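Position chain A with the ligands relative to chain B; hints supplied.
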Amino acid sequence: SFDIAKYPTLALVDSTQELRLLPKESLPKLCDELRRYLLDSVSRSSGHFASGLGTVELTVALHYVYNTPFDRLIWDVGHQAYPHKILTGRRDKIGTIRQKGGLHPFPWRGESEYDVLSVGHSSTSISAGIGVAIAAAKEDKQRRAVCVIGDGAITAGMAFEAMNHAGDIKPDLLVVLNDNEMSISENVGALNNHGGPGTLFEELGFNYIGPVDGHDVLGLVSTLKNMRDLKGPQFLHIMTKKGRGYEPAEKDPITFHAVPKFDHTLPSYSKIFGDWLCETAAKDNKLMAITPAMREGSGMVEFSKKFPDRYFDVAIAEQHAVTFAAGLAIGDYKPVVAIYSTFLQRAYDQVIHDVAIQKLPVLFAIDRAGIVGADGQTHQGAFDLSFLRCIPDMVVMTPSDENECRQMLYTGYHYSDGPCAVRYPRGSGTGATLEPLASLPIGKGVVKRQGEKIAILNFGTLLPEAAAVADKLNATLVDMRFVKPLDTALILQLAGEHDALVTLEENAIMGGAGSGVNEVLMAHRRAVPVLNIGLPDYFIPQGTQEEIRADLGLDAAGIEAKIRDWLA
Amino acid sequence: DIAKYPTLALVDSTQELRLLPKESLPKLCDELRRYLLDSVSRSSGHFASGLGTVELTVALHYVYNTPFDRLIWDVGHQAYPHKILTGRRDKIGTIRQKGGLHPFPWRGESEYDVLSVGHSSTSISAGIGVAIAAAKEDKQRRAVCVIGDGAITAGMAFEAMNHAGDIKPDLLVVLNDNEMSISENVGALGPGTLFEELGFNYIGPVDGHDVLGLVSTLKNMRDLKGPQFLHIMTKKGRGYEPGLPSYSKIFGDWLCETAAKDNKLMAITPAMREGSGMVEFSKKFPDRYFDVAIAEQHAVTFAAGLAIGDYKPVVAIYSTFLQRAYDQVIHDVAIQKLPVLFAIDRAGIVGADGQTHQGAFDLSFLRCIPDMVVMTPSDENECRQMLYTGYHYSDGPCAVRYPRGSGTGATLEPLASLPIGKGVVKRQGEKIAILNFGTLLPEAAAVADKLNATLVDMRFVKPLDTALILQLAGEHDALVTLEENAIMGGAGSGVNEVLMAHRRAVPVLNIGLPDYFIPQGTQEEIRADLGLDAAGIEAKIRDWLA
Ligand SMILES: CCC(=O)c1sc(CCOP(=O)(O)O)c(C)c1Cc1cnc(C)nc1N
Ligand SMILES: CCC(=O)c1sc(CCOP(=O)(O)O)c(C)c1Cc1cnc(C)nc1N
Ligand SMILES: [Mg+2]
Ligand SMILES: [Mg+2]
Ligand SMILES: [Mg+2]
Numbered sequence: 002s003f004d005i006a007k008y009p010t011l012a013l014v015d016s017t018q019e020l021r022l023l024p025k026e027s028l029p030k031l032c033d034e035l036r037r038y039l040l041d042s043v044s045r046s047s048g049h050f051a052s053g054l055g056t057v058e059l060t061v062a063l064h065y066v067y068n069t070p071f072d073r074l075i076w077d078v079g080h081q082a083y084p085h086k087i088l089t090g091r092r093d094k095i096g097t098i099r100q101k102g103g104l105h106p107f108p109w110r111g112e113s114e115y116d117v118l119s120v121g122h123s124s125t126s127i128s129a130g131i132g133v134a135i136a137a138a139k140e141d142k143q144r145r146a147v148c149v150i151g152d153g154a155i156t157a158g159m160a161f162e163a164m165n166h167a168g169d170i171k172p173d174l175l176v177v178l179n180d181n182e183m184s185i186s187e188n189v190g191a192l193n194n195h203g204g205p206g207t208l209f210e211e212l213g214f215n216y217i218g219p220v221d222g223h224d225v226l227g228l229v230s231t232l233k234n235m236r237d238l239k240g241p242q243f244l245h246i247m248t249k250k251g252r253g254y255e256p257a258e259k260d261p262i263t264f265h266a267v268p269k270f271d272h273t284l285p286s287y288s289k290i291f292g293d294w295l296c297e298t299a300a301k302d303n304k305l306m307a308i309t310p311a312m313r314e315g316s317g318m319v320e321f322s323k324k325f326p327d328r329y330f331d332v333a334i335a336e337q338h339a340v341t342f343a344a345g346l347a348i349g350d351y352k353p354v355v356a357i358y359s360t361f362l363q364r365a366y367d368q369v370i371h372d373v374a375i376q377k378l379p380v381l382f383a384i385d386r387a388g389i390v391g392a393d394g395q396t397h398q399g400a401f402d403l404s405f406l407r408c409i410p411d412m413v414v415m416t417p418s419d420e421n422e423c424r425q426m427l428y429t430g431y432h433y434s435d436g437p438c439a440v441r442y443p444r445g446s447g448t449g450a451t452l453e454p455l456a457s458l459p460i461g462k463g464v465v466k467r468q469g470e471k472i473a474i475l476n477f478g479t480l481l482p483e484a485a486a487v488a489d490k491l492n493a494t495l496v497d498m499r500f501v502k503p504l505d506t507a508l509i510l511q512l513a514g515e516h517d518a519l520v521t522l523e524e525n526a527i528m529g530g531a532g533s534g535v536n537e538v539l540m541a542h543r544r545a546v547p548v549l550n551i552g553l554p555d556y557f558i559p560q561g562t563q564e565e566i567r568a569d570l571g572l573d574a575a576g577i578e579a580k581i582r583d584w585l586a
Numbered sequence: 004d005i006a007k008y009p010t011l012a013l014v015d016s017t018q019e020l021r022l023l024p025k026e027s028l029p030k031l032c033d034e035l036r037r038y039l040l041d042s043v044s045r046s047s048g049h050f051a052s053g054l055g056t057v058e059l060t061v062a063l064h065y066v067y068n069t070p071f072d073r074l075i076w077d078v079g080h081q082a083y084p085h086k087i088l089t090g091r092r093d094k095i096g097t098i099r100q101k102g103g104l105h106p107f108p109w110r111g112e113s114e115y116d117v118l119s120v121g122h123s124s125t126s127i128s129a130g131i132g133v134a135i136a137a138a139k140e141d142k143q144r145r146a147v148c149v150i151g152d153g154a155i156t157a158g159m160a161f162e163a164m165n166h167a168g169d170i171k172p173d174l175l176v177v178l179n180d181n182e183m184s185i186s187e188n189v190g191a192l204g205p206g207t208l209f210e211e212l213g214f215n216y217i218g219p220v221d222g223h224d225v226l227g228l229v230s231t232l233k234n235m236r237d238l239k240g241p242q243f244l245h246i247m248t249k250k251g252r253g254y255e256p283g284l285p286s287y288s289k290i291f292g293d294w295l296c297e298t299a300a301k302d303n304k305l306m307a308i309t310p311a312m313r314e315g316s317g318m319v320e321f322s323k324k325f326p327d328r329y330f331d332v333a334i335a336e337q338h339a340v341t342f343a344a345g346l347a348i349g350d351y352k353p354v355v356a357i358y359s360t361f362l363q364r365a366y367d368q369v370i371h372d373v374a375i376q377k378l379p380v381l382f383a384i385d386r387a388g389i390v391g392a393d394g395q396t397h398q399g400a401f402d403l404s405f406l407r408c409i410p411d412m413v414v415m416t417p418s419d420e421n422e423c424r425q426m427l428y429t430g431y432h433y434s435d436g437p438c439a440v441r442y443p444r445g446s447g448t449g450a451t452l453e454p455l456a457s458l459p460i461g462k463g464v465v466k467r468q469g470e471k472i473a474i475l476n477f478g479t480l481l482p483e484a485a486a487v488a489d490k491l492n493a494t495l496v497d498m499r500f501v502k503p504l505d506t507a508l509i510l511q512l513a514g515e516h517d518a519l520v521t522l523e524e525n526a527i528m529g530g531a532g533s534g535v536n537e538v539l540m541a542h543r544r545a546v547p548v549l550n551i552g553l554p555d556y557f558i559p560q561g562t563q564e565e566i567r568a569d570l571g572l573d574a575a576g577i578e579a580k581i582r583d584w585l586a
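Chains as they are written, first to last, in the deposited numbering: chain B, 2 to 195, 203 to 273, 284 to 586; chain A, 4 to 192, 204 to 256, 283 to 586.
Honestly, the hints are just simulated from the structure, not real lab data. Backbone N, C-alpha and C define an ideal beta-carbon position, used for all residues, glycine too. Just so you know, not all the hints are guaranteed correct.
[Claimed, not checked] One side only, chain A facing chain B, incomplete, derived with CB under 8 angstroms:
no., residue
1, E112
2, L118
3, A157
4, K233
5, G345
6, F405
7, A507
8, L510
9, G514
[As the list claims (entries may be wrong)] DEER-style ranges, computed between Cβ atoms:
no., chain 1, residue 1, chain 2, residue 2, range
10, A, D569, B, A579, 54 to 60 angstroms
11, B, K323, A, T97, 51 to 57 angstroms
12, B, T97, A, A541, 32 to 38 angstroms
13, A, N492, B, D350, 55 to 61 angstroms
14, B, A300, A, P219, 46 to 52 angstroms
15, A, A456, B, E182, 53 to 59 angstroms
[Stated by the list, open to error] Covered stretches of chain B (in silico footprint by chain A; criterion: 3 or more residues with CB under 8 angstroms from a CB of chain A, positions within the stretch not fixed):
no., region
16, 230-237
17, 290-296
18, 555-562
This is chain B alone, in the form it adopts within the complex:
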């Protein structure tokens, strides 16, 4: 049922062993067909478009020259790995990618022996590649090791750490730099600007080759076959064009980075946040805003245009983003770090050591909190309420709608005693009225409904579901607003007035907001059970945000069901 007529050469390729059976003279035609196949298949599945178009020729060359899967190939991030999957046994399922029950959005160890490392977060390729290259030397067979890392990903500190270590330990590893002059938006940094274009990499201890034409499959084959045989850390710099082969994408690589389903022939919280940045900077000279390479995702495009000298993209450097903000605060400016919950994991030590321990007032605006949807396990905003909660002198807010979100950003922005964090999900609010801004009382929740027997303590954007449940069970419903500090007096009062409590968060149950409530009740030697509703103790799989929420029982029907089963 695969169009052999349209794809006569690709048809003969369903495994890399078949691929290596072709004569090199046919690899160009196969590249044209892979690209054609990708173009309409991703057109209908939605997802990462221009990235894969940019690696077609590279992927063909790599699997033609390397004896995969014995030889180990690691793709960084994996946003560019659709051709990789198509050539490695998943040709006829590429259309299901990013869908519930379909191919993982990125390479996944459990999906194929061809996926050496599960990826999603960036810049892990070189680090893992070194480990597998050292192992391969010890194994003393002739196993080869190669990774592909983007010009954006290579700005991360861990890529520098790995490159420096390779130059010392000298592993037999090939690093392919897929240089397309792009991150998601345009790439930044002193490296991005950097006679020898490989002078830096040679200083780090690598044998540098290039730059070379990343869309020249036969040249890549000849050059890769050579470098595969070379000893020690090797570094091949290729140039690709993002969206190569599709002019709209070649002209707008940002827009076509992640596409909806298209024919190739309400305010979001991100936008609520960026709008609040513009409106604050407009009347306050102290506001400064920081992103680690996520301008478009965090909603900062308009802000960057209107206030260019207040906007800072530090490249893919979550760590520096935070300690840079601490520096601005030390110099009496008011910095805002915009950062996804999942990527905030990488700057945890800077939060603790360079902000909380310092009592510096940095505002953290944590986007993609909770279930993120089709990006799946590697990207989930699943743990910030838990890992932030345990750090002393941190304020942690969970807005329930777009107005609460603005009131909390404003609150944290003007809170000068120490760090504040405001976390919100990907997607749109309720249409709530945007009221005038004033600081909310710290650590105080808001009663929304008075019932009996059961009280629901909601933390975050799942409030509408709790409200529908509250009405059906005649429950009391409170919007806690603060994960830290908790409204202790409120918790104690409703415990004395109900037989059972329920907590609701879009965050891991273990150590989360509801666990903090448990701790308060225990600390006061109470004897009221609490049903902690939140994320289960496994990494959340891919799907529609609404799909996965229903699947985990985080909708009104699932919450009511959970409560009833728990009450015997």
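Chain A with the ligands only, in chain B's frame:
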């Protein structure tokens, strides 16, 4: 006082220092060096690092207009001369003591301490933020930081340099190159080529013990625009020619013993060979010992690669430094289901190093991550048993966390895998059950007999012995949890969650670290102050039950 150190007598503030003639700065450096050798030889601490920054510290405060101009010390272990010159001369003898001067520069302690340091490599990053603000302030404030050759190996520092080379802040970075961090710096490291390529104006390397040369050099570079990099060379220790087994030694002994017969074992440290007890290991199995420099991130992800290659990696890392590798643990080990063993030293209270170094959170931030096994040994035998257990546990990563200092002398039994997620009942009592996670067990044992309580060694923070917890809850009026970790999100909070999930609202007293960064002192003092000895544990229970 004055007779011994005449020039030092005159400078109790940097304002006076900058009024001295240049010609007298060398004499000042000798007295400052002598003054150092008297006080730290009787107070302990990081004095050899300070001996090597004597001239640089004098040159910096002489040239820059501190405290208006902003100077940032990386780590802070080389900043005793700094504290001495910034009004704390007479209290330097108290450094690292309970209620003394902080071990490292601390903002709350002096307007001359621009950034609290302890963790390494933060200086450049903060220095860029300070420099950007100083430019917008438009008042000619200068910015300068000092980072060592070890600290500049961290990813953090590269990201800052990459940013500064693009954005071009008015910042001086002084590379204080002494050829080794704690141990010899091991990494790829024109000595200026990297920094020039990253966009800096590079000068040096110069003689870091030539105070007049540094003065003149720093005067020039302080007035240059954009990112400036001064490479200096110093000698570590410039001026001075030179019980029971700790858990670090226990782990190192286990390492050597396992590697002796198992060629698959690989041991990794981010530049903490001595602290983590791996010196003998490193001499005995050099081709399977990996010091990745001060790069906790790469440490973990390299181990993932070794495990993908069917080798058996062990990552030795302090709890406090493990914070900087959190994303690699989650994304590159736990999401991968890869069986990396984490040997987590300085768990709990670390003592004199104070707030920046406490092992205060690993039970909390590890426990919320799916597919992690977290083990808290109560003694040195249990620690060997648990390292063995994790080493041979193939389904996923395992973490074994233990405190700085010595164990109890427990008998070291033959090694066998421990049943996963199961506690050991140590004492059957009445009314109350104490559930211990880790090395406070003996304190808990004293309380349990005093109160005629049940006592359990929980062993696993994750997965918890759910069956045991529920049985305990049906047999007692109250439970008590104990751990050397933040109460918030900690191990006992884990127990709370199991009881709530089963609707077993039996009250639980969570004993652990309170919600503030723990200050400096001896581990014993601080444990007593926090009520984590037997006397404090009993009083907590009694107060809570009244
Ligand atoms: C699905 C793709 C994706 O999440 C991408 S992709 C990309 C540009 C890379 O540029 P490139 O390497 O292609 O040149 C960024 C910045 C991100 C988000 C991100 C941010 N921070 C970390 C540690 N990890 C990330 N993944
Ligand atoms: C108080 C002294 C101290 O803890 C030192 S000191 C030093 C060598 C630096 O070498 P140097 O920079 O002087 O050349 C290390 C490696 C450490 C431990 C450490 C490890 N990891 C981080 C992120 N932070 C740290 N602080
Ligand atoms: Mg790119
Ligand atoms: Mg060469
Ligand atoms: Mg050094």
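Hint check against the structure, violated hint numbers in rising order: Result: hints 1, 4, 7, 8, 9, 10, 16, 17 break, sorted rising.
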